[PDB]
Amino acid sequence: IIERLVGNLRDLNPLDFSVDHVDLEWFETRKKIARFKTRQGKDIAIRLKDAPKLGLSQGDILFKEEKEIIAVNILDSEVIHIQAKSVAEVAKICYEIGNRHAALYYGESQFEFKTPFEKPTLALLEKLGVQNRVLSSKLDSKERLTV
Amino acid sequence: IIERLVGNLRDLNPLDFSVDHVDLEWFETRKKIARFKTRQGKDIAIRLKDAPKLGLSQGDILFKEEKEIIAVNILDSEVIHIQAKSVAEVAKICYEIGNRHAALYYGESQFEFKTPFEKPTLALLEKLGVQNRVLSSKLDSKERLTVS
Amino acid sequence: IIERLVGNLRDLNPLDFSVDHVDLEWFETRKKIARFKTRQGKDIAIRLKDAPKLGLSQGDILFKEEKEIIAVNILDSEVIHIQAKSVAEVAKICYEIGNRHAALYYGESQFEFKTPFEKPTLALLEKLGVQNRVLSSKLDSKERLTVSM
Amino acid sequence: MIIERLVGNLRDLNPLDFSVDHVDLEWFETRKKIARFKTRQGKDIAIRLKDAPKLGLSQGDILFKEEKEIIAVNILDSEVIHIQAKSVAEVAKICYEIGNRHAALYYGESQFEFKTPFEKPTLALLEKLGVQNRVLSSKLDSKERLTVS
Ligand SMILES: [Cu+2]
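Residue numbers (PDB author numbering), protein chains in the order written: chain B, 2 to 148; chain C, 2 to 149; chain D, 2 to 150; chain A, 1 to 149.
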């Protein structure tokens, strides 16, 4: 039974280590209790004291024994990447998506946003003519807008 | 039966005219068909060809006979005035309010937004520590965020 | 200041009484405090102890002095009347309207339901091909499906 | 190589008779048109779907069939609130209310039965209204879903 993050590989960790990833979809990162089969057969239970409120992030270190590591890998998904032109537009989009109850993530740049691809959201985004592309891509839990 | 905006007093019109106002609440600006009793007793019927989608605005000229005018006043209401500090914060507010299905309007400056007062909306805005004030004020339909 | 329902004219009351109605839209039925001008000039203030949770209903007797009565009238409104085939269909309708966050009322019969007319709601009801008709009609607050948020 | 059509469903027996390799899906995964899978017995399978049944892949949809060698869809079980409504009024209430929550909703085995994923608020609600329900580890067939259009 895993209890706490031993932090995240991002704090290198230039491996250096054999790393056995657990593979999560973006929406799975928030369970406190769940059972997993890691990439290399292994078994892993989790119960979380202080599960970072926004969820598990990329490479969160679940387990660490010697150089033997287990970390969180977040699977890629179809993602509508949104490029708003102005602050007025950001507001429009967010409100409108919020109204849709779809999920929404901050993008890499200041007017960029990412949301799971769904066709109604897509339809919406064109109806208001915002500039967007669908890419298979990663959605970091730490990028999510709470709600 | 009134049919047409003869425009809006904002295009002066330095009155100049005895103006009898019809007094609408903000949520009332969007009927196409309804009946009214103006400020000074009179009676008005409306059916709208091209009712500006966003609804009736402040001083939309309903009726114009000589210097005798009837127009739309919009009554003040309790309003939460929201002042976002960042574009990050804008996004968060709008998403969260949209997620609540509350109404939202653009503010006077760039990170200002106005939403009707409701206690849950307020509760929300504190929970996120956004800086806001409740003021009795006017909501322009021209200032609203759609939902399409 | 009016305080209690003295009931409702439905408990006849075959008038018998000069009745002066107060006219409320279906969404207004739930203020505990507000002021009114009745149908024949009169003025009424309200403050409610035990405002029946769902709101004021049709002909809720506000005021009763002799045979002189004031009651609640509920402005008839545009209403989609829904006639469901089967329980399955009921469940589909209710879930889908619920999902829309529209308002919903029990009809007269078992598979009848009433909801305010909105064009997307109608659109929807055709998209599923449910049988309905729009009528101008009353929406009794006692007939509402509640909600908890 | 790539799978294109359902060759139907085992339900149309098929009293196996066959060695059947299943593909194991969660109930939310039944609606991808393009994805890659490793079957129960290691095999590899890609899908692209013309006329993917709108509501999703169902229990035992035959992806692949070569001789007596078969690949079918299995839907993994999950925690499931099983709801047993006493009346048609109560169905409507439940569905509208859940609809309003935006929870997922499936037709049960019997007429007044409905199944929705387990979540604690959905539970919370269901008691608040005093509906009779039980949580059970079980299967949510995609064909049993209440749309939303
Ligand atoms: Cu909603």
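Among the clues, some could well be false.
[Said to hold, decoys possible] Below 25 angstroms or equal to it, Euclidean Cα-Cα: the simulated BS3-like pairs (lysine-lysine) are:
(1) C/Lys86 - B/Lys86
(2) A/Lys68 - A/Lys86
(3) C/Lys32 - C/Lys50
(4) C/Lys86 - B/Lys128
(5) A/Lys128 - D/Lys86
(6) A/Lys139 - B/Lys33
Hints listed in this document are in silico derivations from the structure and should not be mistaken for laboratory results.
A quick look at each hint next to the structure:
1. Between the alpha carbons of C/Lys86 and B/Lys86 the distance comes to roughly 19 angstroms, so the proposed pair stays at or under 25 angstroms and holds.
2. Note on A/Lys68 and A/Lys86: the hinted pairing is violated, with a Cα-Cα distance of about 46 angstroms set against a maximum of 25 angstroms.
3. Between C/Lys32 and C/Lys50 the CA atoms are separated by roughly 12 angstroms; this keeps the pair inside 25 angstroms, and the hint holds.
4. Note on C/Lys86 and B/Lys128: the hinted pairing is violated, with a Cα-Cα distance of about 29 angstroms set against a maximum of 25 angstroms.
5. At most 25 angstroms may separate the alpha-carbon atoms for a hinted pair to count; A/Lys128 and D/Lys86 exceed this at roughly 29 angstroms.
6. Only pairs whose Cα atoms come within 25 angstroms are accepted, and A/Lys139 paired with B/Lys33 is accepted, the gap being roughly 23 angstroms.
Of the numbered hints stated above, those contradicted by the structure are hints 2, 4 and 5, listed in ascending order.
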